[PDB]
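Here the complex is missing one protein chain, while the rest keep their positions.
A, B, C and D are the chain letters, set down in written order, and residue numbers restart from 1 in every chain.
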Amino acid sequence: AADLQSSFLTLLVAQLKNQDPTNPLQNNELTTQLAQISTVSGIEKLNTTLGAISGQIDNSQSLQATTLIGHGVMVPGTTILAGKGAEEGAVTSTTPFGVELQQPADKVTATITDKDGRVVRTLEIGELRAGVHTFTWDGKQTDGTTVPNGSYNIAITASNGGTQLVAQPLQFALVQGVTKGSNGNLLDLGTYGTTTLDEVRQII
Amino acid sequence: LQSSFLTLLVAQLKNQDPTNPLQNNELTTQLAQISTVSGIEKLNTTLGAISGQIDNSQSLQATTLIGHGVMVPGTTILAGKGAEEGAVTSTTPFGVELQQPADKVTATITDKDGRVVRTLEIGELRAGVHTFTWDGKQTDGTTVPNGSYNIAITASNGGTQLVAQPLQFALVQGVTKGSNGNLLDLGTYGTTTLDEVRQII
Amino acid sequence: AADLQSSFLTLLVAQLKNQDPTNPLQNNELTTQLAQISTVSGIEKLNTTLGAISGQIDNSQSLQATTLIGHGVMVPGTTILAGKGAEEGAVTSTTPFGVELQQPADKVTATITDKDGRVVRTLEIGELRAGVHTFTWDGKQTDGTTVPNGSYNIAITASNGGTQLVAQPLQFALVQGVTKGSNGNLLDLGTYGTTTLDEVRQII
Amino acid sequence: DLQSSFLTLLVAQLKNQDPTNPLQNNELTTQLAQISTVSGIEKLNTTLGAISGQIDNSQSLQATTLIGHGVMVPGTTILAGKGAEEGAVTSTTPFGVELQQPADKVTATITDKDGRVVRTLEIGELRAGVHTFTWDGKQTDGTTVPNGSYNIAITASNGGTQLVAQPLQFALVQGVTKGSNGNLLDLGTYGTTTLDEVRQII
Partner (left out) sequence: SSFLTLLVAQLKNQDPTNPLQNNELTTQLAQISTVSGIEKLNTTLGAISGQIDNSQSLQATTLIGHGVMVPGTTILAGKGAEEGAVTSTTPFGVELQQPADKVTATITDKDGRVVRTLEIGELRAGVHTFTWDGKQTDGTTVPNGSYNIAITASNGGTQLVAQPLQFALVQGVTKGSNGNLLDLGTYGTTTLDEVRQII
């Protein structure tokens, strides 16, 4: 508040000490300046108070992150876990993936690759709309064979009449805790690391 | 804006009349007015970040809704039978929003082939939202086969048709931050706006 | 609000095309530019903050639905539901009732009648202050035997200094849904209908 | 209609100058400098309406926030009882003390309904703030206390001078009541109290 008020007070003493003695300034505008400075000082403290509200909302969001502890979220990343449960006959399931598109794309190709780099399958369902579209891969080879359990990565390329689009890959990431680090309060995803709450696009 | 208003202040200083110079009793007034617009710009952007954080908060805290089932706009109703012996046929509840109260409300339930299987009369429904649970039985009184059915709701008051929008129940699987955010991903149905979501059960 | 910056230019462009060379108008830029254009910018950008706060209100009104589902609130009414559990020997329990008092009363009496209307119980709760007080009927009639299962009417008469006070009867209501009316988020009590947050005297 | 109070005030004192030609032709734009003035308030005052709606949303969210837990509230009542199971160990509601000064000599004396002391608890040194302990439910001799209620008195002293002590007791939250002032934590036996007056939420 006084950061500008002290600086704006030098403008009063500069106008009072530097007025033409022949044609001085009417005091009618003097109260306008003081009213205008109070307007400026009022806005300045409004921003300061509102930033504290933003920080408090961030802290409340970090606290609310404990509600879905033990579940998983889709955040910017490419790591994919494929596997099956201990019960016999479990189909090899692939952890859900997703694509975030700034603009809708009429041709989106999503190719999944294993740890060895071998292409396991490419998905051609059609267009994918703008926003976050998430899918749960069936965990099957290109010929229908169940994928080996392990790590996978998806490359998603979108085209608009031959012109590409920049997209954000997202992967299911189970959160095992909420850790207050150097920047803010992030979500520990375990293997995927720690991530803040603002990049969380979709949860499961 | 703050920069673009300084240039209009710099222009006057370097283009003021040489032998008839302008008065000096406005520089702090104009700057304070300039500093007013710059202050609001800092306010205006910060409000947007608050809106984004509120959107993210709405996206979160919805794991309870994901676990529960909600009713979404649509004409779909799912009917099924349990695998246990003597299981009672289950049917997804539906609803309708009425801007104005109506005296004659007709619910026509049809199979996926479009053939009318059930016709129901509800009666008087006041302005607001109404919920119903279909018995899973067609017109003849027999249990309908398990599957998806289309419901058309027509609400009229004194022979004048009113807006009646049938609702669909579906299970939630996730909450999506799409192009705008707060989408209710359910699986087969897709994503649903939280505001357009009717009720949570 | 946006017409200020467009009706300002039409008047301005007039004075620029109609200057008198002998008497050129230097008040085009004396105060007209920096003071009025910014004063327009003060109001035209207060449109957005009102719009931004309106959008934030629109987002916030859905947080009521985003929150948990009501497990039963305490609302005005006189209906009390009584019944017996499936297990043998279960003690009959009744839905709680209560009274809202504008001022404390030196006597508080409760009359419980069955569906037939005859008085089945008289209760002396005691002394209560100004506010909402909630209690639960034991399910016992005047003679102390088990009351028949069903619906009962509770009427609470409270007076201070021999003068009857405004005593509002209140009944329990189980919340079952989160409705959205033409006014905002509302709670659904099922049989009782829909209720508003403001009229909810207490939540159980 | 405030525009007409000045728009027609301008064009009732300008629709005469043009006849009589005291023309400046250049102050004429003061109409806009005044419309932006009346509108510049028309949006601040209406912003107060939106911010009040946000406040109302804040109370609505506070009301929706509901938890079934226990709290620590001023009082001297300590309950003791046994479960329906055979051989259950008597458990007592936790008590406590709020001290605005650190205390080194603190004694918790527990008396029964008869008034006699059943158990005396030696707490010891306590720092500034709220401390919450749990009574073991046993008398001085170590015997299990009878089921019922007891009065706790906590005496706190620092350097030989007795300090003012606030006895505390556990209370299960039973609801949130919307009174004439707002949300009150209806605790049942204890009654209703504000969130701030709760020493500790357990």
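Couple of notes before you dig in:
Definition applied: contacts are C-beta pairs under 8 Å (C-beta built on N, C-alpha and C of every residue); 3 or more make two chains touch, one makes a residue touch a chain.
Of A:32, A:103, A:122 or A:149, it is A:32 that touches the chain left out of the display. For the options A:4, A:12 or A:50, the residue in contact with the chain missing from this view is A:50.
When the whole complex is considered, the residue among A:66, A:102, A:122 or A:191 that touches the unshown chain is A:66.
Seen from chain A, the chain kept out of the figure touches residues 26-32, 34-36, 38-39, 42-43, 45-46, 49-50, 52-53, 56-57, 59-60, 63-64, 66-67, 69, 176-182, 188, 194. Where chain D meets the chain that is not shown, the touching residues are 30, 33-34, 37-38, 40-41, 44-45, 47-48, 51-52, 54-55, 58-59, 61-62, 65, 67, 69, 72, 100, 128-130, 132, 195-196, 198-202.
Operating definition for what follows: only the chains that are shown with their structure count from here on.
Once the centre of each chain is set as its mean CA position, chain B and chain C turn out to be 22 Å apart.
The distance from the centre of chain A to the centre of chain C, with each centre set as the mean of the Cα atoms, comes to 34 Å. Shown for chain B are the residues in touch with two or more other chains, namely 29, 33, 36, 40, 43, 47, 50, 54, 57, 61-62.
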